[PDB]
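Next comes just one chain, in structure tokens: the form solved without the named molecule.
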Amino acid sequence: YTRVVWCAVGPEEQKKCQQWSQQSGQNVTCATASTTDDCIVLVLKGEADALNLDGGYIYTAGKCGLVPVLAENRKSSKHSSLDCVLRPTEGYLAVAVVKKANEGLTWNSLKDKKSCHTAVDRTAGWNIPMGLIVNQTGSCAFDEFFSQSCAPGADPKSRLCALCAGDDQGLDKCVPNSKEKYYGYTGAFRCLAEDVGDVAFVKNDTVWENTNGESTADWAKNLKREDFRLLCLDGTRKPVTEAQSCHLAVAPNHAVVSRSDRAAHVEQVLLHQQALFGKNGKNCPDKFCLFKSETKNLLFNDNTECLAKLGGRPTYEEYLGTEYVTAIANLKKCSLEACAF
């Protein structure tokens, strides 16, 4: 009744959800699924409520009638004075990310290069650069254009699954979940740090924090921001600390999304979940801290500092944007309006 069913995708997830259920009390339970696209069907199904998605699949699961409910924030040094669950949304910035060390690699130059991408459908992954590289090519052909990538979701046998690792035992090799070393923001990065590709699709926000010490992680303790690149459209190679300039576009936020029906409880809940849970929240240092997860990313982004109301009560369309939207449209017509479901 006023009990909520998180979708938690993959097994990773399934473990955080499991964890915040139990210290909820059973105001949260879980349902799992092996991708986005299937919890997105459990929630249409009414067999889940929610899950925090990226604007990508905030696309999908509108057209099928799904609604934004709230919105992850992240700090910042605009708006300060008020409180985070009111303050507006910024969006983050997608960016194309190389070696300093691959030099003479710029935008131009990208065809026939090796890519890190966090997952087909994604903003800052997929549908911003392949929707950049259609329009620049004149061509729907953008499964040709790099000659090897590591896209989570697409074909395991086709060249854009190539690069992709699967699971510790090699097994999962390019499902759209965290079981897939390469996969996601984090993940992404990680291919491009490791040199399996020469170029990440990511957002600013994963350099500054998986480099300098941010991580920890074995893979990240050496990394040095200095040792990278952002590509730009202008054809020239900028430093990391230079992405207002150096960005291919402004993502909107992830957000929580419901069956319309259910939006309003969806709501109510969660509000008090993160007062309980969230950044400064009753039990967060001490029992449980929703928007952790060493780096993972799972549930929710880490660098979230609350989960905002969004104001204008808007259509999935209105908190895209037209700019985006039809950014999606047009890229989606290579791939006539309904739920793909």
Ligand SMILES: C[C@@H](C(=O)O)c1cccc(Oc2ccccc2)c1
Contents of the next structure:
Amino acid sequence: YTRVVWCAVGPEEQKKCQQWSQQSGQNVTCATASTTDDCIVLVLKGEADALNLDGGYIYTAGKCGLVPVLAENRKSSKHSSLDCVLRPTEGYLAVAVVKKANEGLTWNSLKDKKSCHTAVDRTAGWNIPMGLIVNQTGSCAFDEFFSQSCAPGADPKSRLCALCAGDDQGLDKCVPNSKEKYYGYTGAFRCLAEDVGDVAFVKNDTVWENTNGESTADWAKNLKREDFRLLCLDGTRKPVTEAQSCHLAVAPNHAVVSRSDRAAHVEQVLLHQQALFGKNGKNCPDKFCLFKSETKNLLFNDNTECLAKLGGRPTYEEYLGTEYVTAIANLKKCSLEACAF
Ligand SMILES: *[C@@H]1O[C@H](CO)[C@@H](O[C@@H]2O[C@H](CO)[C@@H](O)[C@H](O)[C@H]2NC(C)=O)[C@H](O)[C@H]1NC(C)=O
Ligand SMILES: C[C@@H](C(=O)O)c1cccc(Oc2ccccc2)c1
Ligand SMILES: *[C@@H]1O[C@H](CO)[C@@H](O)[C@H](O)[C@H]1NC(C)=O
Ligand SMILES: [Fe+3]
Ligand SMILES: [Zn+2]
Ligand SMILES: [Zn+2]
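To test you: the structure above is the form solved without the named molecule. What is the structure of the form solved in complex with the named molecule?
Below, the chain from earlier opens the complete complex, with every other chain and molecule after it.
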């Protein structure tokens, strides 16, 4: 009676989830929805139990009363004896990436350029960079700052969707799931790499995992790191090896959320599922790896080492930290105490 219904966002997640479901002997089964917001609503209703969320999505979910359960944890430096599940999480570095060739474009000349964003309301792709730009300009006209963008989840006929490409057929332009060619970390970095946009708002790790052979994927196999630079907030440009000193912010790790009344069942099952299909897991790479999806980042980021227990049974505000929570409150002025649903 601890069976968990995962929420898959879009059909490729759904496909991975079904393979997970089948491989788990139905300890995990799958609900599917078209956007993250719809998946949150399913969980609210009790029609799904859980999914992994970006930080901006944890905020929306948390005002609706959902709670973080386990955090994604990637490759670590200090405290590396301590086992992944126990090891605290550090956050990731939100960066703004450009082409080297595009000379002279800096954090200080982004007005009227072309922008690539993971999705609207995501941490590295939107909350951080738009939060900065509104604050930098005293202006809530964030939809008027770039000339065109791919910002999945924005109005498809607005300039915020003009660069979005939609699916293999050109359908679903600007939908916030992986059918949108330029959706997500890997999508927004693609948007930049094919020179559709002038800047992509992603995290530090995306640049590395999609260059210098780390990706075999079609558009990525020939990408070279030296061809990109990070935009720092002092107006300078740096190599993508300097993310530590040229980032826009540090982001709270993506975390599994659930209904509070289900949080404990979800926690146990996921710990158990990870021992079966995570990094060194009994059945990965043999039958199934929870943490791989050929760089599509389906249901978990592909760089995820393990899902880690959280210290202090945190609220969602505590999980996100009080800096990030205000920044998001401030930004949402352009648009306090209400669940959105
Ligand atoms: C930014 O991201 C890259 C890619 O994740 C980091 O480099 C990896 O880090 C671990 C140790 O932290 C190495 O052992 C991996 O092999 C690296 N991956 C690759 C593909 O080279 C880098 O450390 C991160 N930088 C900062 C400043 O956070
Ligand atoms: C308020 C709304 C708008 O466009 O006017 C908006 C702004 C930014 C992000 C959004 O995405 C969500 C999603 C769920 C709840 C609230 C906002 C929704
Ligand atoms: C924007 O301005 C407010 C007011 O100073 C500040 O609290 C917030 O952290 C700023 N947001 C970002 C994303 O830097
Ligand atoms: Fe994120
Ligand atoms: Zn910093
Ligand atoms: Zn607390």
